[PDB]
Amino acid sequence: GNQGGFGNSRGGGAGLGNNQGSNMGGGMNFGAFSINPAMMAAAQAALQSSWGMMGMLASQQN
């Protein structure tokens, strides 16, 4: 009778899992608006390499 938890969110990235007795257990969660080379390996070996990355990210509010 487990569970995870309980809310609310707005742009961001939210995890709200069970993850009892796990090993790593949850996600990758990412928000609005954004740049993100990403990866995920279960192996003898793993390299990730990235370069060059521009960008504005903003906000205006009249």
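Each form is matched to the other, and the largest set of C-alpha atoms that superpose within 1.5 Å is called the rigid core. Residue numbers count along the first chain shown, from 1. First, how it differs from the form deposited in another entry.
- The rigid-core alignment places the CA of residue 23 2 Å or more apart between these two forms.
- Relative to the superposed rigid core, the position of the CA of residue 53 differs between these two forms by less than 2 Å.
- If you fit the rigid core between these two forms, you'll see the Cα of residue 39 move by less than 2 angstroms.
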Second form
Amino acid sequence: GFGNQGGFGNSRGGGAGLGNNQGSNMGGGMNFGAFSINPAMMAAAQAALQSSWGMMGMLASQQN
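I've shown you the form deposited in one PDB entry. Could you give me the structure of the form deposited in another entry?
So it's only the chain below, everything else dropped.
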């Protein structure tokens, strides 16, 4: 099936600050699946703008 967990000590979408900290931790990384529409931006600017429109698709699975 889809997106199940077993075994020992496995993790999805983890929180910040798992090590030793005397400063600032913010956010984390990203993971995406197959058969998807996902325009993407990674930016260290002073000002940043993302603008997207008009997306169509079937997005379907048959397993009879």
